[PDB]
Amino acid sequence: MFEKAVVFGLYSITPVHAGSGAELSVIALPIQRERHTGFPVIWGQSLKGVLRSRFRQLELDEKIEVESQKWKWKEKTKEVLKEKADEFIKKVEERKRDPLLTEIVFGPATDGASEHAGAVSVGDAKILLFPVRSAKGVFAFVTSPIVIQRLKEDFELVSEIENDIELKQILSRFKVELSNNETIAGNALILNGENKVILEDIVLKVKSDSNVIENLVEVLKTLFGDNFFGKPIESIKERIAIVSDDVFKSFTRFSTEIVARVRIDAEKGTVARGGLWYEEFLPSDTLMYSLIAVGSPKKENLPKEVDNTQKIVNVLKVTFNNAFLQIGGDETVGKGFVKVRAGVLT
Amino acid sequence: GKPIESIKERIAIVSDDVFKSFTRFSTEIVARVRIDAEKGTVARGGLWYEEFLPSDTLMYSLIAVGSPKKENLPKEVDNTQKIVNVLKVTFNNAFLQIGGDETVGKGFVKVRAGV
Amino acid sequence: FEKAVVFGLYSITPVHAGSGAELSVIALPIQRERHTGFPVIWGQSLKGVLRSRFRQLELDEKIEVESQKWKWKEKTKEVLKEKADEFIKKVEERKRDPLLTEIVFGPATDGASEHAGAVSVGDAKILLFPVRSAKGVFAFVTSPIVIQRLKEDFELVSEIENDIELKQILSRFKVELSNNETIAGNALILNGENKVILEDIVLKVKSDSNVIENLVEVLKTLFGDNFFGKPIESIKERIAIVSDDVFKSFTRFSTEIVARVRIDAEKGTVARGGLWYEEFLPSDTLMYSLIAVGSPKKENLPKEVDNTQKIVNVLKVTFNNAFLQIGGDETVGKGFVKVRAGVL
Amino acid sequence: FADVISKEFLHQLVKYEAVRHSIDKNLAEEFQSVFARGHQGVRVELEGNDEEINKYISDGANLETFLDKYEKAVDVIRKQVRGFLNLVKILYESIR
Amino acid sequence: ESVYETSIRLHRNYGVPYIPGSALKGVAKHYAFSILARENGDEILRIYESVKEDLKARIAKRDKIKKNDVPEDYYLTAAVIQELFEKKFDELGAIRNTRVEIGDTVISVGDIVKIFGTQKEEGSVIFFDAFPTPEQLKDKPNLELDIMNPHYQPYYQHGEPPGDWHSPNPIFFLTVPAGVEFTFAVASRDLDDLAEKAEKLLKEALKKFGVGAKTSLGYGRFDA
Amino acid sequence: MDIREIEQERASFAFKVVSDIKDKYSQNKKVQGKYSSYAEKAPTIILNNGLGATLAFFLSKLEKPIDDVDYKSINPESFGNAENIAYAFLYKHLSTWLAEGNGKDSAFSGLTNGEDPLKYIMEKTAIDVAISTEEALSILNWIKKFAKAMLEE
Amino acid sequence: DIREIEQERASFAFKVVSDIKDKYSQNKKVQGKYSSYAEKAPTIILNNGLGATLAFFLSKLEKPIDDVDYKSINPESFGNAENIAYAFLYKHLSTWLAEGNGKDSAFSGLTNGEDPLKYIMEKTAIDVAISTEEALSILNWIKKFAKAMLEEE
RNA sequence: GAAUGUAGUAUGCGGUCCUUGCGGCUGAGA
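Just so you know, the protein sequences line up as chains D, F, E, B, I, H and G, in that order. Following the deposited numbering, the numbering of the first sequence begins with 4 at its first residue and continues without gaps. Following the deposited numbering, the numbering of the second sequence begins with 233 at its first residue and continues without gaps. Following the deposited numbering, the numbering of the third sequence begins with 5 at its first residue and continues without gaps. Following the deposited numbering, the numbering of the fourth sequence begins with 905 at its first residue and continues without gaps. Following the deposited numbering, the numbering of the fifth sequence begins with 116 at its first residue and continues without gaps. Following the deposited numbering, the numbering of the sixth sequence begins with 1 at its first residue and continues without gaps. Following the deposited numbering, the numbering of the seventh sequence begins with 2 at its first residue and continues without gaps.
In short, the hints are calculated from the structure, not lab data. Among the clues, some could well be false.
Said to hold, decoys possible - Away from chain H, derived, C-beta distances all over 12 Å, residues of chain G:
#1 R10
#2 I45
#3 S60
#4 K72
#5 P76
#6 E100
#7 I131
Claimed, not checked - Once the Cα atoms are required to be at most 30 Å apart in a straight line, the calculated DSS-like pairs of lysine-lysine come out as:
#8 D/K252 - F/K271
#9 B/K993 - F/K252
#10 D/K73 - D/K7
#11 E/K307 - E/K79
#12 E/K66 - E/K314
#13 I/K182 - I/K203
#14 E/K171 - D/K271
#15 D/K75 - E/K178
#16 D/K271 - I/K176
#17 D/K199 - D/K178
#18 E/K178 - D/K199
#19 I/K179 - D/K271
#20 D/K75 - F/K271
#21 H/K29 - H/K72
#22 E/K314 - E/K271
#23 H/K22 - H/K92
#24 D/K75 - D/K129
#25 I/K179 - H/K24
#26 D/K99 - D/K301
#27 E/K240 - D/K234
#28 D/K342 - D/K252
#29 I/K182 - H/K30
#30 E/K271 - I/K255
#31 D/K342 - E/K171
#32 E/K314 - E/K79
Using N, Cα and C, we set each Cβ at its ideal position, and we do this for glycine too.
Throw the hints in and build the complete structure from the sequences for me.
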């Protein structure tokens, strides 16, 4: 039922707080995590909610370029609906319905829920590269074979959807095993004359193998090009460390930011009674990848420029490549901004 | 899509009460809410919690097959052995969606028919 | 997110951006990014002082909107005559924030769910770190990571403002310095030697004129021709760019460590355990933070604040060339900065 | 918490939740009082063929003291609180 | 704690001597305490016999036994005044009517506690640091040396008898010379009258009490 | 040996210790408020620094020499100031929960198997320290809830 | 299995503080001076650098520089209590920065081949900054354990 | 016997307030 799949790289430029209100814990406000592994995660319902909100805003403001041409939803509504189009745009003008392309791609409004569904199925954003502080260098981008196995298993989903062959051959040579006291890291972190690297508060002996990091690096180039979210990818290859699954789990659990927010009584000038609460934030420069699966638009009476999924894919790629979103909500305090870079596989 | 040997090291058989308790409480309960763009806050009463089966959950279902009703069927689907091979081949290594959260990336399951 | 304003913070006095969530060797640390260690001021703390300062100006009727005084009592009365006195009583008893503050920053904690604020105060990142030097007493130090993060900030405002012309100002910066190398002006390099001394290290000088000039131009565009009290050209020769880890070492070591005691009059000496250490951001440090402005979501807005542009100019005209208090130790003359409101 | 709660800290836990989720102290105290009074009368279905406990609940008597004498009071109180919250959820859905 | 076994408040950027605002606030508070004790010693002791007895017991526990030594002197008066201003600020409402003469104007106890703030209310006066005016930094030196010559150091430390032995070991500490001009500034937050009262009290404190080290030897004294 | 029985043991133990502190130090509200604030602050210290770091930090606020690290030998009533009493009581509760649970009779008998949790951090592996960290965070959450419920400041 | 460096830090600090407490239990002055020196050392390191602190420790020891091998120092061979405390502090710091908690331990030591004073003498500033962080951390642990279990003055 | 769709745990909140790096020491001995 799905013909094309487009990946969605996410690079946090500010701390990200995806709130998880379904937690029976009063110590802090935690970010949602995969319960069975503890890895940080952003649910598709949250990710789709910010995608649909951003896409609707662009269509309302007439900024989406379709087939290298501007899109006019108002004019297209007359071409699509003809009769009762003026009645329909009143609902959108009253914020009761969403513009045409938004309803085609993500789905109709709550009132018109039973009319049809959307064209895309926003996946779940999972961890790919975690930033932890290191003794040598400012910090390091960390991953693990479990994350790598998850990424390779994700390409099987795309390969099966598009009936491709080279997609599953991308990581077919990835057989990386790591002891608890071993790691594979670049030369920007290795302590001089020791073959050791100190991530956070752990000393890890450096393994002697360069193919694992090299093939991993070029995989990101396939999905994100050479421009690694504004910086050359070779500049960050030297600071990528591969740690064991258990060691990576410790980094995900405890190295996330914890901030002690507070409110102060204006009259007294000190902290108000009972006004003290702490939150947990995903660290900045955290790389997460989603997987958007898009099928044919269920709703009929649609313009030729959005005929098939391939036509729909180019709309998402153009309007979202190298774009900044706000996932999770702490917007008023400048938290949640993330760079987004889409792109289909080979 | 994973090596079989990498799985053999991660089975943990527990007691029935422990296993029963885990399935009740170790599943992901996801809070959900709808936001109105008019104010930017949440809408009153638009808050609820839904529970999801965790990923990496190996389910299994027995598929019972019988000889189809004789209604001048094609020559390739006469007996049961032919009507099971088509089902197994067309569904092995498939990827279909279950449940009512397809649009938010929930439901995709990899199927492995027993050959 | 229609328009974004960049706020520049320059510490006249040491700033103790309190963290209060950790313990260290030198007690009372400052809030820093965990994975990097660079000193930052989180948006929530920075927003609070801005909101608090805004309240006093409005409550004392000092805000100049469109070059006109803002009489909030009549403005609220005209806008909300249905409950003009009811709302006034709420802010008279300090249970609610005044009219303008709720529009700009957001409603008070009492009316949390009425709407959302029109301002997204970003975190304040380190831009220039003053580091002691042999010649050129203290050098403004920057790192490739900082400018790279600054470049992404310019990309964000460019996307918000839909102005590509501002997205290529610093795009011509790409430097790969080793630990022992640096890019510094002539005022820091020792005479007759291609080496510099930055408070603990001897760094060989790497020669490339455009890198400092590009950065110097960026600040000139960002904060005008007055660098918080001195011409930029007077400080262009004092800027030094050091390696990534060298900058990290400086911020983790060169921060002010102040010893404070409590003297009990009974004895005349330091009390039993009445001494503690407080970590401060060094004086003459530069920190920037974008102030994103969205559409004001309050119902029945006045015509003077209806759109984001009218909000932006009010914010600039009220938070430029002003002095604020950041962090604790307010009464002992600490945490005072001079703020500059700049637009790309 | 209804699964893991006991009669000793019933009042303290309820008071904490009320003062946390209320608007002021008087509303929290009223919620604590009404929850404490109402949740006493709730019929329970134990695994054993026990109707005496329901008979004690049906009137309002030394059942509270009898609960201390009773050998499975923890299950009784847990079922009581869970049923009271279930019925109040029904009522809240009905009004809303 | 420096390698030289001594130090001096030098600015991290320009290396000039300065007086931190915390020191100014502390010396102002302690001079207010001393003036209050001298002016109304026994009165507040009568008003606050309970806390003074508690303080005497605390001193008794710390200092050997001294069960009822507790000399009711200016030291204990200052101690109980500080305890009132630090942990029992609420009890100061009774004595808020009292006024103490500083310079020419009078200052209430409530005014003082509002100036310096408490554990539950922030102070209403900002105490800025003091810096030397740069005009004189070129003509006369802003830094100079001083001498510490501790004869009979073993007598003071190891308990040896005094007399004409224990050859002294001298060490030196840096200090700004006399006559150096400084600039002070205090800013209020609610009432400017509070700012001017704090300015007068701080001026008197620097005139009489003095700030910095060796305040008991005449060091750190200022004049108009 | 399910989750809910562990939660029952946590609730019972936290209520017991908070009630003991409330009854023993009912008159002085300063120590009660200090204990409540220290409890509400403790788990975040553990998250930011670690169980060993916060355990040592608690041990450093005793204003009296300690012969050897041991929670049983502590006696918070000896100290005079409310701060030291509160720190000693919090450390004693944390260590006794991590070393004995709710007693040997209860279902949960602790993790360190009678050893001082500081010693357990000292000589055990990182995985065990992480598990003890999670247990300490959970018990501290329960203690904070009960202290906010009962203790007055 | 892996062991966090914080565990090695705590183990080393407890070992050295317990060793000085047991060896000089009668010497109250030695314990008090060592506690004061341990609490004052990190500030000196921050103000003047690690190498200056290490040399200043030897200045009071009256031993000359450039012959500084910590293995060749008998800290008990000094008559004065201040000299004893300074020798103990210098030996502990140098041992941590040169060997860590032992070769078999998780932390094998930063310098690992010579005395940390010589390391600061003839090595780049990034390595001395790493050593300064390590020294500050171990000094914090030692100060905590000394303030807890060692008699003050 | 056969015969889901639509949905951002978000909105508002300053790790602040109170704390003198103080205490003691002959640039002197012939």
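Can you give the numbers of the hints that this structure goes against, from lowest to highest?
-> Hint check: 1, 8, 14, 15, 16, 19, 22, 24 and 30 fail, others pass.
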